[PDB]
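Undergrad: Given next are the chains, with one letter for each unit.
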Amino acid sequence: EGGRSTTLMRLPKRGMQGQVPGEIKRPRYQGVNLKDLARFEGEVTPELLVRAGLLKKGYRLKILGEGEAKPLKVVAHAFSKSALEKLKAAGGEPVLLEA
Amino acid sequence: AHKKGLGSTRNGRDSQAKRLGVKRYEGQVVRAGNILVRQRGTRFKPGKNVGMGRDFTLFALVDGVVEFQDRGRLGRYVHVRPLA
Amino acid sequence: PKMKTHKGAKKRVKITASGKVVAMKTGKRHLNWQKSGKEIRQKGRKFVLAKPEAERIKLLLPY
Amino acid sequence: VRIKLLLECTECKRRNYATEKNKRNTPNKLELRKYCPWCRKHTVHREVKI
RNA sequence: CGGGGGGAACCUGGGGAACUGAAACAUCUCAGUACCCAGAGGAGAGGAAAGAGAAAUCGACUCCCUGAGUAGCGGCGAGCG
RNA sequence: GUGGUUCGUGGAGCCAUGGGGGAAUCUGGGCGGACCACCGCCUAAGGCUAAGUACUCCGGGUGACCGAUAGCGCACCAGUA
RNA sequence: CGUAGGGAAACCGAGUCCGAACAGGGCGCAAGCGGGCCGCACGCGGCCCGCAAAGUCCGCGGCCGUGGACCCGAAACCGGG
RNA sequence: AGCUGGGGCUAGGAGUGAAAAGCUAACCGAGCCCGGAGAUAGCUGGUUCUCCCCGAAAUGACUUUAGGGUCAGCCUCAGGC
RNA sequence: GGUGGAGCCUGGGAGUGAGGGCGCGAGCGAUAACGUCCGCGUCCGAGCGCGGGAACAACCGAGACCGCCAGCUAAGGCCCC
RNA sequence: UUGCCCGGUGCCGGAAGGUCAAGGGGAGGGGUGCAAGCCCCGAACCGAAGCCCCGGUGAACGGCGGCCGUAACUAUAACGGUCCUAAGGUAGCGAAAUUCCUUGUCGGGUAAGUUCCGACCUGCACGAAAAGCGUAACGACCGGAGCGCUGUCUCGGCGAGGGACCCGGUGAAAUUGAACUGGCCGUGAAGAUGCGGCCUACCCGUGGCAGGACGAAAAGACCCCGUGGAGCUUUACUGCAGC
RNA sequence: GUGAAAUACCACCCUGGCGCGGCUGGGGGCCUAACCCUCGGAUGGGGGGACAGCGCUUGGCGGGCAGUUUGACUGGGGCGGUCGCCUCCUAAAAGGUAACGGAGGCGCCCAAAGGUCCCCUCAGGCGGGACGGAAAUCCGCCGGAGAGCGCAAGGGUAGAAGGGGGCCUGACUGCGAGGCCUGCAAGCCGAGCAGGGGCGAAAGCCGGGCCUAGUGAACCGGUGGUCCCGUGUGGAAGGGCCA
Ligand SMILES: [Mg+2]
Ligand SMILES: [Mg+2]
Ligand SMILES: [Mg+2]
Ligand SMILES: [Mg+2]
Ligand SMILES: [Mg+2]
Ligand SMILES: [Mg+2]
Ligand SMILES: [Mg+2]
Ligand SMILES: [Mg+2]
Ligand SMILES: [Mg+2]
Ligand SMILES: [Mg+2]
Ligand SMILES: [Mg+2]
Ligand SMILES: [Mg+2]
Ligand SMILES: [Mg+2]
Ligand SMILES: [Mg+2]
Ligand SMILES: [Mg+2]
Ligand SMILES: [Mg+2]
Ligand SMILES: [Mg+2]
Ligand SMILES: [Mg+2]
Ligand SMILES: [Mg+2]
Ligand SMILES: [Mg+2]
Ligand SMILES: [Mg+2]
Ligand SMILES: [Mg+2]
Ligand SMILES: [Mg+2]
Ligand SMILES: [Mg+2]
Ligand SMILES: [Mg+2]
Ligand SMILES: [Mg+2]
Ligand SMILES: [Mg+2]
Ligand SMILES: [Mg+2]
Ligand SMILES: [Mg+2]
Ligand SMILES: [Mg+2]
Ligand SMILES: [Mg+2]
Ligand SMILES: [Mg+2]
Ligand SMILES: [Mg+2]
Ligand SMILES: [Mg+2]
Ligand SMILES: [Mg+2]
Ligand SMILES: [Mg+2]
Ligand SMILES: [Mg+2]
Ligand SMILES: [Mg+2]
Ligand SMILES: [Mg+2]
Ligand SMILES: [Mg+2]
Ligand SMILES: [Mg+2]
Ligand SMILES: [Mg+2]
Ligand SMILES: [Mg+2]
Ligand SMILES: [Mg+2]
Ligand SMILES: [Mg+2]
Ligand SMILES: [Mg+2]
Ligand SMILES: [Mg+2]
Ligand SMILES: [Mg+2]
Ligand SMILES: [Mg+2]
Ligand SMILES: [Mg+2]
Ligand SMILES: [Mg+2]
Ligand SMILES: [Mg+2]
Ligand SMILES: [Mg+2]
Ligand SMILES: [Mg+2]
Ligand SMILES: [Mg+2]
Ligand SMILES: [Mg+2]
Ligand SMILES: [Mg+2]
Ligand SMILES: [Mg+2]
Ligand SMILES: [Mg+2]
Ligand SMILES: [Mg+2]
Ligand SMILES: [Mg+2]
Ligand SMILES: [Mg+2]
Ligand SMILES: [Mg+2]
Ligand SMILES: [Mg+2]
Ligand SMILES: [Mg+2]
Ligand SMILES: [Mg+2]
Ligand SMILES: [Mg+2]
Ligand SMILES: [Mg+2]
Ligand SMILES: [Mg+2]
Ligand SMILES: [Mg+2]
Ligand SMILES: [Mg+2]
Ligand SMILES: [Mg+2]
Ligand SMILES: [Mg+2]
Ligand SMILES: [Mg+2]
Ligand SMILES: [Mg+2]
Ligand SMILES: [Mg+2]
Ligand SMILES: [Mg+2]
Ligand SMILES: [Mg+2]
Ligand SMILES: [Mg+2]
Ligand SMILES: [Mg+2]
Ligand SMILES: [Mg+2]
Ligand SMILES: [Mg+2]
Ligand SMILES: [Mg+2]
Ligand SMILES: [Mg+2]
Ligand SMILES: [Mg+2]
Ligand SMILES: [Mg+2]
Ligand SMILES: [Mg+2]
Ligand SMILES: [Mg+2]
Ligand SMILES: [Mg+2]
Ligand SMILES: [Mg+2]
Ligand SMILES: [Mg+2]
Ligand SMILES: [Mg+2]
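Top to bottom, those sequences are chains BP, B0, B8 and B6.
Numbering of the first sequence is given in the entry's author numbering, commencing with residue 52 and proceeding in unit increments.
Numbering of the second sequence is given in the entry's author numbering, commencing with residue 2 and proceeding in unit increments.
Numbering of the third sequence is given in the entry's author numbering, commencing with residue 2 and proceeding in unit increments.
Numbering of the fourth sequence is given in the entry's author numbering, commencing with residue 5 and proceeding in unit increments.
Worth flagging that the hints you see were computed from the coordinates, not collected in a lab.
One thing to keep in mind: the hints can contain errors.
Label pairs and their in silico Cβ distance ranges [unchecked claim]:
#, chain 1, residue 1, chain 2, residue 2, range
1, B6, 52, BP, 65, 29 to 37 Å
2, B8, 6, BP, 147, 34 to 42 Å
3, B8, 58, BP, 101, 31 to 39 Å
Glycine included, each C-beta is placed from N, C-alpha and C at the ideal position.
Construct the entire structure; sequences and hints are all you get.
TA: Right under this line is the structure:
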């Protein structure tokens, strides 16, 4: 560029760039497909997932994604519809938590 | 130094080139939508399997081959016989 | 020192999974008064090329 | 355009819009017309200003 | 009884530019930088919550690493942070 | 009316304050980013306080630092002639 | 940093966004093995393998950004004397 | 309205000027020194050992652009087809 | 048909964005200019390396890896120089 | 002696009116509270200089162009008319430090005068205080003429002294790619000692001349370019002091 | 009778004015004691006086001063001209193609000049014709397009895009296979599906206009909706998204 208007002829879409106090302390959820979850057994839970090789401090746990659900209990903050289905083949659903 | 007053003009403005003309010649395979001809008036009438746009813009609507046809005082055409 | 994220970019482009750069079509901000629905309708994001290569270089750190 | 003036078309059954141009002087004043909505679709629309 | 001056940098306070950058330029930048002045000392400053801000939370201040080029600021420009 | 903070008037709070008006003493008063109601946090208008941190005129120890056009401006009677 | 992409967002999730729509369409995903060996189920498990699915870390090199940024050169601007 | 010695005062956007923008320590349309400072310089100049392979451009679009640039065209290297 | 320092795809590094002469097709000019502006081509540029043209970037010949006290040619020449 | 024009700008004066700040005032409306409330928005209207406006003012900034008609040839116009502006040069001067056409045209001076002096007035574009017109005296100011006298010149000559020249002594400089550095026609980036062809030409100095080495000196002061710089101006922009 | 309009009487009100009174503003006058100035030094005496001075805040004037801006092209530069878009030529029979080359247009417009259904066919030439130009409108032949199509030019066109009449609003919403053009982003053509409609018996046609000019990225804000976010919570303020 130099002189003429650069591809800045574009246009902020990103509706919402932020007020002045800043970002709003909101709870973030990180998905983790049961696919990976089927790497170990027992009773998988957050922390045990971060310490593993996924998630890590990224807040609330949300299992889902593809992969074949393994017959065992899985504790999460959320579960996807089709994930909850997959745990049909004998699994768990200790949702909610956070108390 | 001689630079006596220099006259002036005006009629020094033109229009943008529109790149009109036939975009696909007979024998060429074309998919539906391919805008064959792109004239201004009706230089080329729409033939079988052909569509005319706002600007007489001829466009094929059938996946097949192309081909023209002179009908004399009936005006030329350009139908896209289907790959049957 | 630590390169800086161009916020003017960070505000008009969402960088995709394959690496492509995406932004909203230009036109319908006020132009109008009477444009075909087709025109005013046909405005919902798009590609860019050789130029986004440049874009991506300004969005460094925020990957 | 000074005389034409561009106005919009409200759903009268509520809100909505479409917008076109008029021509106050030339055979005109107050625009009523059949337009298909989005918030239910199938009604009559009047002018307005914006 | 004390005070006065001197001291390379360092430190706090009181004042405080411009070239530059924005490929012109005035808001913006350079920068509370350079510099002037006063003061203090082996350091100076800061310091025990009329705090932080969302956590049934922490618990003086200073200093380092992260947080983060984030959140945000900006002729939403340069850039600042 | 301004300064400080990421905040350039912004929905502009918070901390300082030149001007004007001008309280109350915990049945008080400040804060949690306009404002209001809830729920909370904290006690302004008095002072002091080691350590961790900064610097290097000076002394020492090191160098994939220099080796007299280099290295400090000065290896020499140089801030001299 | 990497292992989820979408949305302006709430949010949903191998999907997601526009849409009334299982119409469409924009971003998205869908990764084994050339293959020696061998427990020696007439089964290839899976050890192994390139370095991937696929990334990271460190070294080296090219170019880019911020810095004086290849070296020498203004006319000038500003501060204190 | 003279000339002259000695002693004094006024200075940098300031002085002084029977006025030329004159004079202010041998170049004054803004003194000199040191500092910001390696100001900036889209301009000029210069850019240091050897061999081997390939090898351009001086066009287009836009440009407070026109001896400068961004994308494309043309060159080269790696990988793939 | 065509195995070529042909093509195509992805990526790293560019430089170049003052061109010039000749031929031909147009404009301008005054069918003047070693003029000017486009179009194709070609050379110079970067082949100021070699032969011819007396000399001479771009006209005719011809694309210089090195060596030879051998040979055939090109343009142009074959009276002396 | 210093005319005419106060429209516009400036300055002075001005209690009709137009517009205009903070502030005042709050019809009316809003956010939340269960409420008292606590926060805001906000129409009338009241709110200074200022500008506008009205009058004045020229030894305040300034302006004084033109166009028609008109007298016993012709010309001219004392006389009338006209206007976008406010009005259209009173005296005196005038081819002038001002005249483009221009060596204007007459006259003077000269054998001959683009200058000069005196006139005419078609003043491209004088004019009253950035003054008009004069003026004795004064001036290292600029013009034109005479007398005198001359080496200024016709048109040169000789003489002198100080250098220049030579010897002993002493001993620089700018400049300098290297040089074995000639003429003519050509040719070449258009002006070659260096290419071509030809011509001329033994080697090295010394006193002289200045045509060439696009001679030396100064990175052209003219010209253009740079989104370079400064000084200066204003009814350019934006601020500031001051009032 | 006059007039536009009628008067006794009765009211509801309007215009403007004068009084007395609340609300709010101006400007004088007198005082001394703050401040200021003065008296042979004064806890005092004179004079000015809540003005002036000085603090904060409003608006004004403001080259006295400060920082800057004053475009490019261009047969040098300046002066003049030009700068985006459309048509034709130059352009060498694809596309593209320059010059301060040649010649003209645009910065709109239309609710019917749009959609659909049904009818209709021109200009001129020659006759014959009341006012009738050499074209008003008629009648008769002859006439494939020279007429018409809002406006430049070109292309196109009556087997209608032209001329008339009826219902209508598709000048739709959600999309969009596949392409033209192209450095970038822009421009352009668009079948087809869905929702809900228009006209036609139906086949069908309708996502403005015979076509190519009638235009403007971003940023900053306004107005409707959205309910997406909303700083401990709820709501607000303020944003976002769609228009
Ligand atoms: Mg169509
Ligand atoms: Mg839409
Ligand atoms: Mg990060
Ligand atoms: Mg002491
Ligand atoms: Mg300090
Ligand atoms: Mg300080
Ligand atoms: Mg300080
Ligand atoms: Mg600055
Ligand atoms: Mg700048
Ligand atoms: Mg700062
Ligand atoms: Mg110590
Ligand atoms: Mg201490
Ligand atoms: Mg210590
Ligand atoms: Mg305490
Ligand atoms: Mg501030
Ligand atoms: Mg503030
Ligand atoms: Mg205060
Ligand atoms: Mg106060
Ligand atoms: Mg407080
Ligand atoms: Mg407070
Ligand atoms: Mg508070
Ligand atoms: Mg708080
Ligand atoms: Mg809060
Ligand atoms: Mg607290
Ligand atoms: Mg305390
Ligand atoms: Mg205390
Ligand atoms: Mg302390
Ligand atoms: Mg202390
Ligand atoms: Mg230390
Ligand atoms: Mg030394
Ligand atoms: Mg030595
Ligand atoms: Mg030393
Ligand atoms: Mg030295
Ligand atoms: Mg999809
Ligand atoms: Mg340098
Ligand atoms: Mg000074
Ligand atoms: Mg004296
Ligand atoms: Mg100065
Ligand atoms: Mg100074
Ligand atoms: Mg003075
Ligand atoms: Mg004097
Ligand atoms: Mg002076
Ligand atoms: Mg001097
Ligand atoms: Mg200066
Ligand atoms: Mg600096
Ligand atoms: Mg320098
Ligand atoms: Mg430099
Ligand atoms: Mg540059
Ligand atoms: Mg080669
Ligand atoms: Mg390039
Ligand atoms: Mg290869
Ligand atoms: Mg090649
Ligand atoms: Mg490449
Ligand atoms: Mg060029
Ligand atoms: Mg050229
Ligand atoms: Mg050129
Ligand atoms: Mg060429
Ligand atoms: Mg050329
Ligand atoms: Mg050529
Ligand atoms: Mg020619
Ligand atoms: Mg030429
Ligand atoms: Mg020629
Ligand atoms: Mg050219
Ligand atoms: Mg070549
Ligand atoms: Mg050659
Ligand atoms: Mg040569
Ligand atoms: Mg040759
Ligand atoms: Mg030869
Ligand atoms: Mg070869
Ligand atoms: Mg032979
Ligand atoms: Mg032969
Ligand atoms: Mg209320
Ligand atoms: Mg004199
Ligand atoms: Mg002699
Ligand atoms: Mg001698
Ligand atoms: Mg010659
Ligand atoms: Mg010779
Ligand atoms: Mg030789
Ligand atoms: Mg000699
Ligand atoms: Mg001589
Ligand atoms: Mg000479
Ligand atoms: Mg007294
Ligand atoms: Mg008294
Ligand atoms: Mg008194
Ligand atoms: Mg007062
Ligand atoms: Mg100035
Ligand atoms: Mg500056
Ligand atoms: Mg063509
Ligand atoms: Mg051709
Ligand atoms: Mg109709
Ligand atoms: Mg495109
Ligand atoms: Mg809240």
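Undergrad: With reference to the structure, classify each hint as holding or not holding.
TA: Each hint tested on the structure:
no.: 1; hint: 52 (chain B6) x 65 (chain BP): 29 to 37 Å; verdict: 31 Å, holds
no.: 2; hint: 6 (chain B8) x 147 (chain BP): 34 to 42 Å; verdict: 37 Å, holds
no.: 3; hint: 58 (chain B8) x 101 (chain BP): 31 to 39 Å; verdict: 33 Å, holds
Consistency note: the structure conflicts with none of the earlier hints.
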